[PDB]
Amino acid sequence: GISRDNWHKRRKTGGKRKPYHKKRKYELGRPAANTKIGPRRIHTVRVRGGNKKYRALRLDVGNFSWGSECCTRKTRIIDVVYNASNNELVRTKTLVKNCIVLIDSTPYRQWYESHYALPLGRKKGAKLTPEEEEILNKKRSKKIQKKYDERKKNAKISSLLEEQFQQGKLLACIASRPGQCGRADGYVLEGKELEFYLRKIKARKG
Amino acid sequence: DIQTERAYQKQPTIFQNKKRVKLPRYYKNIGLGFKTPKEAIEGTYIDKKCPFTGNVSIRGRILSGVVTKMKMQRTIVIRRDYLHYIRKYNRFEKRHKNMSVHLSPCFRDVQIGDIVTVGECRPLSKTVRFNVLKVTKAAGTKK
Amino acid sequence: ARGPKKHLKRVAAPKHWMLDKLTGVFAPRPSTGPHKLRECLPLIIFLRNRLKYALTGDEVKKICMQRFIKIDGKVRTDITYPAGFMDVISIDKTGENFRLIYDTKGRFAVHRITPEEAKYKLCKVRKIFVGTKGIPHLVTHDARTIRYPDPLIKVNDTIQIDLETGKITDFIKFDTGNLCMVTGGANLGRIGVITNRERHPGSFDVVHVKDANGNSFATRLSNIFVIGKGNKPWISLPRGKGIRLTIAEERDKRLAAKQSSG
Amino acid sequence: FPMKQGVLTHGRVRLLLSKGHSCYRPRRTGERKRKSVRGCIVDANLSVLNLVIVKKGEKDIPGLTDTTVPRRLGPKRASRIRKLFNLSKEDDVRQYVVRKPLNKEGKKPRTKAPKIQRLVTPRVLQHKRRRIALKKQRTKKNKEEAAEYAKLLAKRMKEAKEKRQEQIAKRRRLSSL
RNA sequence: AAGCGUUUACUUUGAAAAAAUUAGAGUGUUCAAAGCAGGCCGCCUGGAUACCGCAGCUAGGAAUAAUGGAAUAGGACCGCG
RNA sequence: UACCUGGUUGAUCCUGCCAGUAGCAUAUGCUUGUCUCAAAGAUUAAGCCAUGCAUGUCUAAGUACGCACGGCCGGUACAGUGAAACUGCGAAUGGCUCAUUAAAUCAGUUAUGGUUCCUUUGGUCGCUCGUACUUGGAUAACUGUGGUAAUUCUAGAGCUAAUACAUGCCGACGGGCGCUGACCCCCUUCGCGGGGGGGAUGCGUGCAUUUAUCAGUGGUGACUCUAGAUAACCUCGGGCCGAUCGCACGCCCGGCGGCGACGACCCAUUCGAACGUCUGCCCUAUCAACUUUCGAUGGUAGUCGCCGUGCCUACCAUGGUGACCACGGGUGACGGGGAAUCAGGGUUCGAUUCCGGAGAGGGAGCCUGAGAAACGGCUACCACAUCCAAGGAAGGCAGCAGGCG
Numbered sequence: 002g003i004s005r006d007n008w009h010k011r012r013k014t015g016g017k018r019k020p021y022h023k024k025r026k027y028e029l030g031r032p033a034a035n036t037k038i039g040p041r042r043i044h045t046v047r048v049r050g051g052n053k054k055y056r057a058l059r060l061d062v063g064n065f066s067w068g069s070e071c072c073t074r075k076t077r078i079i080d081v082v083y084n085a086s087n088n089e090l091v092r093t094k095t096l097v098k099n100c101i102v103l104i105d106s107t108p109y110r111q112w113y114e115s116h117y118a119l120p121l122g123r124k125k126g127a128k129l130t131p132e133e134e135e136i137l138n139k140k141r142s143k144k145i146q147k148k149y150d151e152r153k154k155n156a157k158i159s160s161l162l163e164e165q166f167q168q169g170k171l172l173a174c175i176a177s178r179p180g181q182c183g184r185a186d187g188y189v190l191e192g193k194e195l196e197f198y199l200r201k202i203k204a205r206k207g
Numbered sequence: 003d004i005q006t007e008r009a010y011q012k013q014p015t016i017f018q019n020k021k022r023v032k033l034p035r036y037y038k039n040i041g042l043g044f045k046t047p048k049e050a051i052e053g054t055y056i057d058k059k060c061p062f063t064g065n066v067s068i069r070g071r072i073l074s075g076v077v078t079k080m081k082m083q084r085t086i087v088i089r090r091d092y093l094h095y096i097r098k099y100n101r102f103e104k105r106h107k108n109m110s111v112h113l114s115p116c117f118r119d120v121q122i123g124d125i126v127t128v129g130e131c132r133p134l135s136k137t138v139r140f141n142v143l144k145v146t147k148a149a150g151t152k153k
Numbered sequence: 002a003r004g005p006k007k008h009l010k011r012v013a014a015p016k017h018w019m020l021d022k023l024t025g026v027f028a029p030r031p032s033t034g035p036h037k038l039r040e041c042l043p044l045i046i047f048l049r050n051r052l053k054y055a056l057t058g059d060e061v062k063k064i065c066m067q068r069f070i071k072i073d074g075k076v077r078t079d080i081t082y083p084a085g086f087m088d089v090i091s092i093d094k095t096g097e098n099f100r101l102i103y104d105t106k107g108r109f110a111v112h113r114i115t116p117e118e119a120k121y122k123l124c125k126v127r128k129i130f131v132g133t134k135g136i137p138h139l140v141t142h143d144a145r146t147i148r149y150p151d152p153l154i155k156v157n158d159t160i161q162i163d164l165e166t167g168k169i170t171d172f173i174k175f176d177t178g179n180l181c182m183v184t185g186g187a188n189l190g191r192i193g194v195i196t197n198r199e200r201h202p203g204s205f206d207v208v209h210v211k212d213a214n215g216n217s218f219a220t221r222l223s224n225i226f227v228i229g230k231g232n233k234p235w236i237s238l239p240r241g242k243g244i245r246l247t248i249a250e251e252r253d254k255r256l257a258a259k260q261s262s263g
Numbered sequence: 061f062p063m064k065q066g067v068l069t070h071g072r073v074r075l076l077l078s079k080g081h082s083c084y085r086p087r088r089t090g091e092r093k094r095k096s097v098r099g100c101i102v103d104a105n106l107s108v109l110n111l112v113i114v115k116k117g118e119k120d121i122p123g124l125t126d127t128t129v130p131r132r133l134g135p136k137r138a139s140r141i142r143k144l145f146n147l148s149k150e151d152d153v154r155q156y157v158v159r160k161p162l163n164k165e166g167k168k169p170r171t172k173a174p175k176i177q178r179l180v181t182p183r184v185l186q187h188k189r190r191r192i193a194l195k196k197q198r199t200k201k202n203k204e205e206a207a208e209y210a211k212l213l214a215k216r217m218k219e220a221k222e223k224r225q226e227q228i229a230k231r232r233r234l235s236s237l
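Residue numbers (PDB author numbering), protein chains in the order written: chain CC, 2 to 207; chain EE, 3 to 23, 32 to 153; chain x, 2 to 263; chain z, 61 to 237.
Mixed in with the good hints, there may be bad ones.
[Unchecked claim] Part of the chain z face toward chain x, derived, beta carbon under 7 Å:
(1) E205
(2) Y209
(3) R216
[As the list claims (entries may be wrong)] DEER-style ranges, computed between Cβ atoms:
(4) EE:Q83 to CC:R205: 23 to 31 Å
(5) CC:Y55 to z:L162: 54 to 62 Å
(6) CC:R18 to EE:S67: 26 to 34 Å
(7) z:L162 to CC:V48: 48 to 56 Å
(8) x:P116 to z:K195: 28 to 36 Å
(9) x:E117 to z:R216: 29 to 37 Å
(10) EE:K147 to x:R198: 36 to 44 Å
(11) EE:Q83 to CC:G50: 35 to 43 Å
(12) CC:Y55 to z:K160: 49 to 57 Å
(13) x:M66 to CC:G50: 28 to 36 Å
No lab work stands behind these hints, which were simulated from the structure alone.
Ideal Cβ positions, reconstructed from N, Cα and C, are used throughout, including at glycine.
Build the full structure now, drawing on both the sequences and the hints.
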């Protein structure tokens with residue numbers, strides 16, 4: 002197959018390296034995974050040393066971390082928006098490392114409304130009819146209200162992050178290598194990182 | 003200033019999106043009695059191949075050279091004069107091997123003819139296996 | 002080659018085994034174990050060439066399969082087990098215990114020890130590891146990973162382990178003035194007191210060791226094994242006592258003993 | 061040339077066959093070899109067809125259904141013996157194992173019984189007690205060695221605190237000097 | 001006792017440098033080419049040593065051959081606002 | 001032993017080469033009594049091969065219902081050998097040759113802090129909080145039918161075993177640690193307020209992998225090292241937490257026990273393998289410019305890989321080497337330790353028993369396996385070549401002998 006070798010190409014000066022041996026097994030090269038968004042299809046590949054790597058081929062879930070409060074949730078990926086490597090990786094929705102994806106914000110909304118007891122998202126005009134989040138937001142005791150108020154004092158959220166929670170989709174960068182270990186984890190963008198990636202998405206869209 | 007590439011430029015060690023009520035910069039010692047430069051700590055750039063603010067460690071050999079080419083970006087070409095002794099003809103000869111060394115951007119006052127100190131590391135590219143550790147100015151020419 | 006080696010040539014065999022050329026093409030390749038390739042002496046060579054008990058390798062296989070040779074706490078049934086430095090071979094029927102110490106030359110010595118000495122042995126630690134639950138681990142030269150140690154132990158120290166339980170009893174810390182056994186190189190078999198330590202950042206350190214007769218010599222740290230504190234070793238020493246006197250003095254000691262014996 | 065299921069032809073097809081495939085026994089561990097088989101469609105370009113009578117008709121054939129051949133080997137696993145004889149988990153298997161008579165000229169008539177595999181025996185019970193006793197020994201060794209290292213670390217902490225107090229007393233002596 | 005010290009070429013010591021082969025201690029394979037053996041009423045033993053180009057590490061020297069200080073003075077040094 | 005002699009001329013002295021002189025290799029001619037060692041299809045053809053052999057293997061310790069032998073003490077399975085076979089491991093070791101290869105291999109010195117690693121050895125393996133006195137069905141060996149001219153070609157029918165293939169809990173297991181926390185208690189304030197404790201239900205809480213944060217037990221010259229805590233995953237083409245076996249036999253009043261063997265998740269050790277740092281190689285200018293959007297030299301971000309790298313991909317900059325000989329070509333060049341000649345200097349050979357590299361006529365691709373781009377492994381093309389009943393099958397002696405050229 003394809004070989005990883007520094008001898009198949011030219012020198013520093015420009016001459017040609019004549020082959021003194023053929024392709025080896027330690028010069029192993031395998032084709033790309035190029036995973037998609039769908040039901041979980043992860044194959045196993047025996048590698049050098051008897052170990053196993055995990056090729057994703059279609060994958061939707063991803064355990065994504067939010068770093069200002071350091072909590073991860075298993076979140077389904079729905080869209081691929083930005084990739085600094087190739088424009089074709091944005092055209093055809095292919096997950097690789099350092100992709101900017103739109104992820105569901107409802108587990109982070111549930112965690113925020115269960116921890117800090119503050120409304121998150123919730124465009125004015127709608128109320129929850131199963132009443133479960135209303136029960137989770139109301140019905141507080143005497144001395145635990147001080148702890149909820151001390152949580153409320155340190156619950157400032159950014160403007161662009163608040164707009165993204167209002168839209169319901171967050172921007173997440175894929176940090177784990179998806180085609181090697183099979184997992185496609187990552188972290189939610191915040192601050193100047195999110196401003197830079199939104200400026201690049203706006204420059205792409207025009 | 004910085005961040006002119008397509009992706010975001012940051013250091014993989016430090017975190018910068020903490021709860022706010032200057033960004034923290036990571037640096038490290040290099041060993042072998044070499045002192046760290048001031049601008050590598052004071053600056054706001056990044057470099058993943060810098061021997062002070064990057065994921066690379068200086069091992070093996072520590073050598074020297076003289077700078078002869080600076081036409082490349084984030085790397086320079088040094089020149090190495092050495093004398094070879096043939097056992098038959100008891101004289102010397104001038105040979106030079108001009109290796110490519112990754113010039114870290116912590117040094118800015120670098121011209122040609124400057125004696126530079128290089129150090130062995132992991133191969134960062136096809137022909138670069140060396141980082142610039144310290145830069146000595148050439149003989150004379152204060153301006 | 003397309004994998005790991007399994008044979009070893011007689012010419013490619015190391016010098017300290019002192020094997021002969023006329024007999025065989027191959028040499029007994031030592032198996033994988035606590036010691037390296039060119040630092041040990043196998044059980045088949047120790048039983049056939051040094052002691053001259055058996056005659057053939059089949060007889061060596063018969064001796065090791067009658068369960069007679071008990072190497073350092075457990076009977077091994079292999080003829081090419083790596084028996085390196087500080088190894089106690091216990092033979093039950095003869096009542097003889099052998100400690101593998103180097104001679105003053107490059108070879109090992111047939112060194113007879115008491116069972117009171119054979120109960121313990123001394124081993125230099127190589128490194129200190131931190132296990133998965135914050136547990137310190139000592140890794141020695143014979144790959145003995147011993148955990149929960151005395152926290153006084155450093156990288157270049159020696160520990161006195163017990164063969165019947167596999168636990169440490171005492172230790173020698175690397176201090177200036179202690180004894181030394183040079184375990185490798187041109188000074189293979191030298192015994193002297195440590196008089197200088199020279200550190201090197203990046204480069205490899207060196208130790209100047211002074212002989213008891215006044216012969217100071219430098220030695221790299223990779224071939225240094227301390228055997229006691231000051232001038233009191235905790236092992237028994239073979240004849241020669243690690244001096245390496247001159248070849249004219251060796252000729253004199255041979256000729257005077259020959260003319261005295263007659 | 062033999063047949064093959066699923067290749068779905070009528071002529072002659074050469075295919076790669078490995079371990080786990082029909083009409084090819086591997087010789088090396090993982091050896092693959094081109095073999096020549098036929099499709100699973102029955103035509104006149106054949107020699108022998110293998111037929112299995114599933115349902116027996118009205119009349120009785122004297123060639124197949126007349127002479128009945130008994131089974132050659134009996135069950136060997138005790139669970140299969142229980143499944144055959146409809147046994148419980150408390151009754152005996154050794155008295156209910158199937159044994160075979162042996163008779164020929166010259167030698168005496170014998171009766172041979174198979175070795176029952178996976179039968180509950182006190183040797184397996186002793187091994188089952190043995191590995192959990194080794195687990196108990198490992199846990200007791202970890203507890204005793206952790207307690208001994210806790211005592212040793214407490215002694216080292218006491219002497220290190222004494223050394224720190226000596227160093228702070230030396231600093232106080234230098235400050236008074 | 002630990003650290004620093006204007007850079008090289010040079011020069012001296014020290015470790016690392018696989019064996020066989022090269023020289024060479026001992027040995028009556030009847031001598032010798034060879035081999036690592038043998039002698040005594042269980043022991044004595046040896047199976048050494050030397051060379052190992054070239055490059056690299058370390059520890060002293062600065063004669064020799066380069067290299068530059070400060071000259072529109074943004075020149076050193078002990079101190080201040 | 002730092003060595004000369006004859007030859008141009010009628011004769012002399014030079015330069016100058018030739019011829020003598022002595023070894024080490026290769027062949028050849030003549031002759032040949034003993035004995036100890038001893039090279040031996042390398043030079044042209046790394047050209048082609050009939051024949052036969054060269055890697056298979058069982059211990060009391062994985063499977064034993066072939067009477068092939070076999071003991072009588074049996075009805076409480078298997079006395080003990082044991083063909084064949086499943087499974088495990090080796091077959092990636094060794095032998096041959098130098099075809100290719102000129103900063104390539106290789107020699108000296110380095111690091112893997114940038115990676116893997118069978119076996120052996122030393123550590124781990126009630127740490128996890130939810131039928132176990134032992135789980136399920138398929139098959140070989142065997143009985144029987146055979147197809148083909150022929151193969152180490154195999155199929156349908158009846159079975160039967162696992163340390164081959166999957167599922168999988170009892171015991172520790174009663175309480176600890178973080179959370180939600182119903183609710184309760186004490187003091188003070190007229191009161192809101194403030195301070196200090198106990199606690200129902202449920203969840204998570206072993207090692208290993210992935211994501212990010214906080215702090216900084218033990219070291220290195222140096223970590224984004226080892227380790228602690230924090231919020232989850234733990235790839236159905238699933239990760240370990242023994243659903244194994246053998247020998248004498250004991251202690252309680254059914255429960256407890258030894259010597260071992262084998263297989264295993266992780267950390268070390270060893271044999272290594274591979275990528276890298278610096279220096280070193282024959283001749284040629286009738287080879288002066290070479291490389292480069294068919295990667296050339298770097299940066300950013302990815303893919304693959306065991307890991308670091310244009311190894312490869314998308315976009316940017318036009319760079320990189322060279323008269324100190326790059327680039328191109330040739331070699332009757334594998335490199336080295338070494339061999340011969342020798343005053344000192346050097347000159348020539350090295351394919352050859354020791355190490356490293358390459359390979360089985362030429363390339364290319366892959367399963368197995370820890371380790372192969374393996375060829376006494378396969379898969380396609382070129383060249384050679386075997387049996388045929390004319391449908392097909394089958395091969396790689398630069399291994400050992402042997403045959404042709």
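Hint check results:
For z:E205, the interface hint holds, the least distance from its beta-carbon to any beta-carbon of chain x being 5 Å, beneath 7 Å. Checking z:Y209 against chain x by beta carbon gives a least distance of about 4 Å; that is within 7 Å, so the hint holds. With 7 Å as the threshold, the beta carbon of z:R216 comes within range of chain x, its nearest partner Cβ sitting at about 5 Å, so the hint holds. As the Cβ distance of EE:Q83 to CC:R205 is approximately 25 Å, the hint placing it in 23 to 31 Å holds.
Here the CB-CB span from CC:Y55 to z:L162 is close to 56 Å, well matched to the stated 54 to 62 Å. At roughly 29 Å, the beta carbons of CC:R18 and EE:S67 sit within the given window of 26 to 34 Å. Under the hint 48 to 56 Å, the C-beta atoms of z:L162 and CC:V48, about 55 Å apart, fit the expected range. In this structure the hint that x:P116 and z:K195 lie 28 to 36 Å apart at CB holds, the actual value being about 34 Å.
Checking the proposed 29 to 37 Å range against x:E117 and z:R216 shows it holds: the Cβ atoms sit about 31 Å from each other. Distance hint for EE:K147 and x:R198: a CB-CB separation of about 38 Å, consistent with the stated range 36 to 44 Å. Judged by the Cβ atoms, the range 35 to 43 Å given for EE:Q83 and CC:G50 holds: they are separated by roughly 38 Å. Range check, CC:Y55 to z:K160: Cβ separation about 52 Å, and the 49 to 57 Å hint holds.
The supplied range of 28 to 36 Å is met by x:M66 and CC:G50, whose beta-carbon atoms lie about 35 Å from each other.
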